[PDB]
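Just one chain is shown here, as structure tokens, and it is the form solved without the ligand.
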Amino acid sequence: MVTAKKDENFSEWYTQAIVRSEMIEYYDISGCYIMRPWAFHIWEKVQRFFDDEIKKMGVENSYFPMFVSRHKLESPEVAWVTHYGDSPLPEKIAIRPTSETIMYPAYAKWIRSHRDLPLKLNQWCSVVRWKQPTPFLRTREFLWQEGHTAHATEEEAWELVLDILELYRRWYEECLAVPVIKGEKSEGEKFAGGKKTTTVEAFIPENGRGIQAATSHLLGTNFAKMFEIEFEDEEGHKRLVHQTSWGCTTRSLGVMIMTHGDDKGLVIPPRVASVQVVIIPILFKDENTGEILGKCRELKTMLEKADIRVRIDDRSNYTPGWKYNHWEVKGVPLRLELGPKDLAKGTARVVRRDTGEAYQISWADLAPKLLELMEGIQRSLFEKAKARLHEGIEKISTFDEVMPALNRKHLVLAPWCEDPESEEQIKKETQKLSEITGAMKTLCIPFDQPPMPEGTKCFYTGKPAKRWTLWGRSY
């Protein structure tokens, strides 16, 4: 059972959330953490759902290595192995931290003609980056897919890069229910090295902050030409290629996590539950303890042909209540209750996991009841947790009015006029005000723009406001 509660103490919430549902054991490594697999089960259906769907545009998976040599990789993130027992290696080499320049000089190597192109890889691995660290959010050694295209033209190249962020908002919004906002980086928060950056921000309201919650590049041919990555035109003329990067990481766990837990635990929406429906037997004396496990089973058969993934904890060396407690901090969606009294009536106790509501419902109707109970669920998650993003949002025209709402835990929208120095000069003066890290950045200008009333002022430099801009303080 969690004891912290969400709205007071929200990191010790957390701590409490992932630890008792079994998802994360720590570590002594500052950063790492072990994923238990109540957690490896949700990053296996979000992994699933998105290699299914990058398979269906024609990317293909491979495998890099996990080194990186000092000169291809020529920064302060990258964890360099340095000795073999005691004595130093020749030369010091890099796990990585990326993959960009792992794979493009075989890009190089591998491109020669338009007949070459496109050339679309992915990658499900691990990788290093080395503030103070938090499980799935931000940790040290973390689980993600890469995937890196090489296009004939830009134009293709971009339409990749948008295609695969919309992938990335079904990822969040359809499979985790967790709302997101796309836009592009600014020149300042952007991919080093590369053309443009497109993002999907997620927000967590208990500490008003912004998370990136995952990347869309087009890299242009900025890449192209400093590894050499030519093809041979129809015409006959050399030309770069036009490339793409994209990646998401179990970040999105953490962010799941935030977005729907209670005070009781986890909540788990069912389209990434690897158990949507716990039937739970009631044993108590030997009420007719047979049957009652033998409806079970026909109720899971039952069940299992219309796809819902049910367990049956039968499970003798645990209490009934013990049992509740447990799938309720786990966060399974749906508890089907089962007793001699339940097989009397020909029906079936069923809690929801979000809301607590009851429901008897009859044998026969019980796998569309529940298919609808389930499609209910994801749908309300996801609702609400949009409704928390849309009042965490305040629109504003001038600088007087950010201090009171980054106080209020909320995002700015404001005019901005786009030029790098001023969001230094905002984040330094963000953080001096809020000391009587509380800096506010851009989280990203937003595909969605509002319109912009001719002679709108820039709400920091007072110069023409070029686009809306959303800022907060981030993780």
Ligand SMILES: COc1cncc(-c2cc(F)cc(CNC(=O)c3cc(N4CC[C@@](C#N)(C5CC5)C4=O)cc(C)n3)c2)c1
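Numbering follows the first chain given and starts at 1. Rigid core here is just the name for the largest C-alpha set that superposes within 1.5 Å across the two forms. What changes on going to the form deposited with the ligand bound:
Only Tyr318, out of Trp124, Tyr359, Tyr318, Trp110, shows a C-alpha shift of 2 Å or more between the two forms on alignment of the rigid core. Here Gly85 counts as shifted, since its C-alpha moves by at least 2 Å between the two forms after the core is aligned.
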Given for the second form:
Protein chains: 2
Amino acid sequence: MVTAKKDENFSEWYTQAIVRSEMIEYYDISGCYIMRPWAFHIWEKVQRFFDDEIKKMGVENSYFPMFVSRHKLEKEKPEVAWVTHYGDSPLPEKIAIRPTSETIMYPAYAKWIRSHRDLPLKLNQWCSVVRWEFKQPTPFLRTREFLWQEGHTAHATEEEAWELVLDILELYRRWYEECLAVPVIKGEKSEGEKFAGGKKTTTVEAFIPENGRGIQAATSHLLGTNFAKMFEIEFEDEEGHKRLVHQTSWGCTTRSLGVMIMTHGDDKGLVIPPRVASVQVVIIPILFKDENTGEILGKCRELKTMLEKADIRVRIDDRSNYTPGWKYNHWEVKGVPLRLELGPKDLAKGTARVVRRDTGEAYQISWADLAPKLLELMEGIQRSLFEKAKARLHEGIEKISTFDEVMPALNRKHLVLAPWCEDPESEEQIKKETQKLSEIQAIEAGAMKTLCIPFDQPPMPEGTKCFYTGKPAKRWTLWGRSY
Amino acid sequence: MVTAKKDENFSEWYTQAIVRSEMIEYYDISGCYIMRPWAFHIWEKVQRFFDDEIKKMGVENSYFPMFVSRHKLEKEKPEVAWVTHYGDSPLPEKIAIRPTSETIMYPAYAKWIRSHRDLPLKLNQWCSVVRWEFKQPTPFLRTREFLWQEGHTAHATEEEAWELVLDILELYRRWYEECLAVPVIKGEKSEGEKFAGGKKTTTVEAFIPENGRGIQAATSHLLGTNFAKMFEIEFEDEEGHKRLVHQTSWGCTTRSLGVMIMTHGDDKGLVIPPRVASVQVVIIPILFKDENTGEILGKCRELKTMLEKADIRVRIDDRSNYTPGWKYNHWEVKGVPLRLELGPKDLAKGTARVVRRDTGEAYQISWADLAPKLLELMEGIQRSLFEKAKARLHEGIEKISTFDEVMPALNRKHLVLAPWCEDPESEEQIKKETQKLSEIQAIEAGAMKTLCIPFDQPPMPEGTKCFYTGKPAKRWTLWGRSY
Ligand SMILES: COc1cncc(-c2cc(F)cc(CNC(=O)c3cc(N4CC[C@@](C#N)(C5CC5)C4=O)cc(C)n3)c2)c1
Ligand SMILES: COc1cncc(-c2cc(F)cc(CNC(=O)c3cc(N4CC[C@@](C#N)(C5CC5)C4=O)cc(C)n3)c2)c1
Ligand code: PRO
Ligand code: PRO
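Pass me the form deposited with the ligand bound as well; I've looked at the form solved without the ligand already.
Okay, now the whole complex, with that chain kicking things off.
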């Protein structure tokens, strides 16, 4: 049983939820966590979805090395792990473990791209990267090693690369919202937050109500020609002139599982959206000692067969050594969206009892309706999870016009949406001031930064001033405390 | 065009074949190679096959960390890469990159397994490992980083673990023989060659005729209780007694692509078995300037649609800036098994010309027969590739009775099958003597080791003596030079 309450000790609740459901295991190297099959299966599902979608765009998978030479990493010139010795033997030149693969892939890119006919070049890989920070890790959300995909494309024109950046960002919206039922906000990162060496960084941002923090959910960068200049990636037009390619890179990580967990979980533990649950329906037979158990289990198997014909993912928990009470809790903690109960009374009526994980609502369903009804219930659970989260997201954002409204909204664990002049020095000043005010507050018991400049801009009245400098406002920006 | 001949400069031929077909790219860190999509797709295919098959056995995927602490690696107590510094900051205790994950996973195993009801525990992961040897690498076959899967299971009894070892070894036979059309020999490794700390190691072995070398294709270990003792992995029976679990581990790598390449390739370059080719049929339209090109390309698209309805994997190379001659060679080098040619004369006859990659045989096929006929041709190419390789394998093995027959058979680039007493010291002596004889031979221009003790044992006459000690022979053993 999960016992910490999500709304009272959030970090303990999260730890319990992911450990008791068998999603993660601890490890003797700090900041690394084991992903057990119950979490792993969800990764496999979103991985298959995203793979299928990028294949339709002509992206192909590949595999580049996990090591990068010191001097190719220096061509770009920090949380980088260095390998220095093969066993006992010191290396002649230390090599780093990839934190990202731009400097690993792009010398190959330069070799492969010769003519405009070679473009676009579109590659992805699934692997893990390492970012070795000493700060406190958080399972899924901030870990020293994490699984991701990174996609890396090259085009003849800037407009083609930017269209691809936005197509991918839309795939990331679908990954969170369609697969994980997590609402996200599209937008552009500020100049100070954008990717090192990139031209423009787009993001989808999510929000964790319980601690008021925004979290970057996925990212899609217009690199433009910046890395092409660095690595001499050029193509020939049909007339023979050499031109720089225009590039994109984009990535999504197992952080997405963390965000799903926190968005949908409740005081009983995990709640997994039907579209990614590896077990959508757990069938629990009632097994009175004074019953035809063989008949009950037989009907369970028949119902499994029937539901699987509709591509529903079913498990029968027929263990006689645990009570139905124990099983209910066990599969609740694990987040299975639908529980189906079959005992002698149901068998005699030709119905089953079905309980949905998100609300506890129970239904009596005849066996003949079971597949279409469960399909409909699963789509309804998925939509409900998403819409309720969308409502919490919207309740979480305060639209302000002056800096004096910031700290009251932060103290409500809200994000703010404010008219901003987009001066980078002002973002630095806002970070430092809000951090100071937070510290001063904590003495009586930090920083607010930009999360993104949303694509969907509310109306900007003609003379509106930046909320912090009083200069002309340029656009609405979303700010908050952040991961 | 590939220009080195497979039968004359084998290593140059292999390099050309994998580079010119765009399968691999070089990298500035020795012993690591980039896998471009043309090779990567074949990995994805065999990966899907093996995943599907182990899932039916109840194995589930997971992901364990890439790092292992010095002292958990010492619990077992060398080609191990050590991480010592996060950027500038020296680590308090150096950590190694995984060469294999037994010591990473098995402390978790010990924590998770409490009762016999917890068994069997069956996990797999797909990742890369590093084995940092200074010797000369070979793309796919011996690399410093390589992709694999490793599966790790734990059972209540030794017989259950051994049945699983053999079930997996059969999956590896299917991986090579059914998917890659590469014949392999099942058997048990000798005491000196078996896995460190394991009880018994089984293998499937392949043979490379052009250099006479056996190569271990995949491996499936009975660990028995050895690692359970090391890591305290114990379970409780129903009466409450604690017993050691019995374990297996097993792995397969991208070496398998290397073996496929070398087995089927010819002087024109790659030949890819239809069951794993990412392009099974390349459609090449003839594009005379004085023709209805639109009609020709339209019919190409229709034929693609029709073939894809039969799950055939099709690409249309409709580029006008290359000749059909150039395209024929380009897709030959890449190993596409079937080429389909459509020009105005074919269109007028309602037929297509189809050329198979392995023999060059051409066929005229009416459009109505095209899907069933190509399906049949692809199964015939797959079978032919396999049977011819099976014949080369069989021609490659000499059955001997005395040590004086070894060097003549090695000089024929053959393996030998000999009655052996299985004394480990004799294997060491045979390695050293055959290496010396080889050196002495090379002066006028090394080692033979056991490859496996085959499951399929030829008849052993009642008084047959070991071929090297003259002691009683125990079993037939397969020996050869080796990777
Ligand atoms: C208060 O204490 C902290 C403050 N700041 C950092 C940490 C921290 C602690 C650690 F122990 C280890 C690390 C290193 N891992 C990461 O930084 C990281 C980044 C991301 N990112 C970055 C943005 C991105 C998106 N979208 C990009 C696509 C990639 C995405 O997913 C995802 C994950 C799982 N890990 C950070 C702790
Ligand atoms: C004459 O020069 C040499 C002599 N001896 C070694 C090398 C060499 C050169 C290097 F630069 C790097 C390395 C390290 N990589 C590997 O040892 C290795 C082993 C395997 N293995 C081992 C057995 C196995 C099977 N079945 C097990 C499942 C795993 C399987 O696939 C596969 C691959 C791709 N790499 C070795 C060079
Ligand atoms: O790390 C990043 O943000 C980009 C996207 C994945 C590859 N590099
Ligand atoms: O390296 C080996 O041979 C075994 C099988 C994969 C995991 N460890």
